[PDB]
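Visitor: As a plain string of letters, each chain reads:
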Amino acid sequence: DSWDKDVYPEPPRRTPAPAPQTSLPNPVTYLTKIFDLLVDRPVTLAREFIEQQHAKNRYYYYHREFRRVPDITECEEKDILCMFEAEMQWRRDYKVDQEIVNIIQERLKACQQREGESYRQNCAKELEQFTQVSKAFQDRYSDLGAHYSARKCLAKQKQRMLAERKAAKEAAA
Amino acid sequence: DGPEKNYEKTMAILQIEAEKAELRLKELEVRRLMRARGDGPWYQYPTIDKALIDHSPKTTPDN
Numbered sequence: 126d127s128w129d130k131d132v133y134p135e136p137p138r139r140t141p142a143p144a145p146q147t148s149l150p151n152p153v154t155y156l157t158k159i160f161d162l163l164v165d166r167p168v169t170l171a172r173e174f175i176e177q178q179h180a181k182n183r184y185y186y187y188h189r190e191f192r193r194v195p196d197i198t199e200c201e202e203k204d205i206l207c208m209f210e211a212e213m214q215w216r217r218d219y220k221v222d223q224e225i226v227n228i229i230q231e232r233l234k235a236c237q238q239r240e241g242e243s244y245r246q247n248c249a250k251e252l253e254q255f256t257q258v259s260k261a262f263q264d265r266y267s268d269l270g271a272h273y274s275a276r277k278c279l280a281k282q283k284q285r286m287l288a289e290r291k292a293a294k295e296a297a298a
Numbered sequence: 127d128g129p130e131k132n133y134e135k136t137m138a139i140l141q142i143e144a145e146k147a148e149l150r151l152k153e154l155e156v157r158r159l160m161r162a163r164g165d166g167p168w169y170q171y172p173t174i175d176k177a178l179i180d181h182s183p184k185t186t187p188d189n
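Protein sequences, first through last, are from chains A and U. If you count the first sequence from 1, you need to add 125 to reach UniProt numbering. If you count the second sequence from 1, you need to add 126 to reach UniProt numbering.
Honestly, the hints are just simulated from the structure, not real lab data. In this text, a Cβ means the ideal position worked out from N, Cα and C, and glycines have one as well. Keep in mind that the hints are not guaranteed to be accurate.
The calculated label-pair distances, taken between Cβ atoms and stated as ranges, are [stated by the list, open to error]:
#, chain 1, residue 1, chain 2, residue 2, range
1, A, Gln223, U, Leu140, 57 to 63 Å
2, U, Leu140, A, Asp196, 16 to 22 Å
3, A, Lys294, U, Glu145, 40 to 46 Å
4, A, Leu279, U, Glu153, 28 to 34 Å
5, U, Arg150, A, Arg193, 32 to 38 Å
6, U, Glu143, A, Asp196, 19 to 25 Å
Modelling step: build the complete structure from the supplied sequences, incorporating the hints.
Guide: Following this line, the structure appears as structure tokens:
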């Protein structure tokens, strides 16, 4: 495997065991056996050859670390250095959030395919998760325009905060 | 090359061009002030030099 059940939940794989009580024996059996014998076994042994060749020399690589930098809210008005720092940090945060919603979409499409016809019954748990992810993604990054920037995101965020503050103040006396 | 290449190069370029920009703005403002008031090294206009004036006693006493 290459993905945790924490990052990509997978429902437990349960398969039934039919008993072919009829005298007629199912053909798909013989198809699985011949496919295993003259296809699966040779591809597996060729894979073993190239995998031991790979393990002969396995060069290494790591993740690209990113030391955090002061945010645009901390960044001063028209200070190009810290402005550049915050803009790049916010751009990579936007990229990571785009991949967050991508991951959730993949997980929930997987959920739909596992549950099949019962997708409506057995996907709402992740359906609400993708719903909140997209709903808050809209007020976090959407509507920023083609020239979206950290300052524009901060402006939209600020406008949302004034709106909610005023609404809560007027509603609750 | 690594991302730090572009990062530090962009730092230098951005700093240099921002300095150029507000220096140009200061140039415009300084030029306006010096043309409006004239209390500065440039924008001075020619005026008659005093050393041409003659102070010797003339024929008429109360010149």
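Visitor: Against each hint, give a clear statement of whether it holds in the structure.
Guide: Evaluation of the provided hints:
no. : hint                            : verdict
1   : A/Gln223 - U/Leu140: 57 to 63 Å : violated, 26 Å
2   : U/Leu140 - A/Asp196: 16 to 22 Å : holds, 18 Å
3   : A/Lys294 - U/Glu145: 40 to 46 Å : holds, 44 Å
4   : A/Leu279 - U/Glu153: 28 to 34 Å : holds, 32 Å
5   : U/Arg150 - A/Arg193: 32 to 38 Å : holds, 34 Å
6   : U/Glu143 - A/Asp196: 19 to 25 Å : holds, 23 Å
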